[PDB]
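Below you'll find only one chain, the form solved without its partner chain, shown as structure tokens.
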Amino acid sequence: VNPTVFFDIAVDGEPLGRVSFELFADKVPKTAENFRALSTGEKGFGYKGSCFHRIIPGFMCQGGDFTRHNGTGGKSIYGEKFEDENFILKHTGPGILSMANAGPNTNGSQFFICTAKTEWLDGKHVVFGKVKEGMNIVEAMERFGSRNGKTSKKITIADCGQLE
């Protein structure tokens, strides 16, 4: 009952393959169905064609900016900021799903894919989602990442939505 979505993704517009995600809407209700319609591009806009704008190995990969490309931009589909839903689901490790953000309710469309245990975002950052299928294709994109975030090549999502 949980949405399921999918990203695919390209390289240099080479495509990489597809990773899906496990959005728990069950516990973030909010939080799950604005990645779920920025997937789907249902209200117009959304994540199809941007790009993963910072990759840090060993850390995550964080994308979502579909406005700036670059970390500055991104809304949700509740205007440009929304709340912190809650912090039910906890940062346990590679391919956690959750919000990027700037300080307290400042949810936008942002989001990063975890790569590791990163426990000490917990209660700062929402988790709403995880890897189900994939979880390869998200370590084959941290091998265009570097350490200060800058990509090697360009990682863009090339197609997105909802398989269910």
Second form
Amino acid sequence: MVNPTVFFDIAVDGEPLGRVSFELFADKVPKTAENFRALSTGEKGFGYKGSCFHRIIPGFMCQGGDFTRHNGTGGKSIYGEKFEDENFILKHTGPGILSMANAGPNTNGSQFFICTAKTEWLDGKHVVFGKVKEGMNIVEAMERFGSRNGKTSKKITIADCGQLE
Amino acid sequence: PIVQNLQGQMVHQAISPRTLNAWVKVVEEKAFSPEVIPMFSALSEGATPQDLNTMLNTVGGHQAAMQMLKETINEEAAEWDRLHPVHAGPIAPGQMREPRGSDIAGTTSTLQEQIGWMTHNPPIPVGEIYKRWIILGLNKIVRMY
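Follow the form solved without its partner chain with the form deposited with its partner chain bound, if you could.
Entire complex below, previous chain first.
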């Protein structure tokens, strides 16, 4: 199939929470789907595995992907550094939407967020490249460790990740 | 400035036209000499980046100096960015961005946003930061003339 599926095994302070899987719309945003896929499998020697969700805001989104600096001010793509906003064809239509967390136009590295709500004002600013296939209840579980500014009350990590089938 | 209105809440009061005219007068008669600096500071207390830009753009006829001041501001704005890396993420409702140098300078920031950064516990004093960049540019052109 054209669109790949990836999984995250989420852990809370080391204790397993559960698995979230994603469908990646490589048919709409190939370069952005590919970046996320390869970083999930770890085939480049680096990627999401072991990284944490550093910014979680209840009712808004869960943010992760900063495997270098861990704090929002880091991360890098499989293209070396930061790549362009591929397109904004797809919209933030509800919970489960997987989108690129940039720091401006054409600043895509490795950081992403999963929406826990409809975030319409993000359309045209952030690239949508996937959606939760299974485990939205795990994401809802994650956002319970969030806060108003994003500071997580517990260490939320990607214990393991990869591509499925 | 950002003042208490008739109802007690912190609001954007525009700048007084007579204070603007006073500034224009100072620069028209004195030009950009050492004396123009204490005056600018005195007439810009509490000013937003937009108010500070209104004061600068009202100076009708000092082209070379204004280009010199602008470059100095742009340098300070570039230094700010270099010293202030941005945290990636979507901005939630309720809060706003970390200001970039262009925001502190008022070129990529609405008055609403500047008021937001200023009226914050604890704040990003974008008016006071920008004013410092302007005072440095003034000192430069004040020693040129």
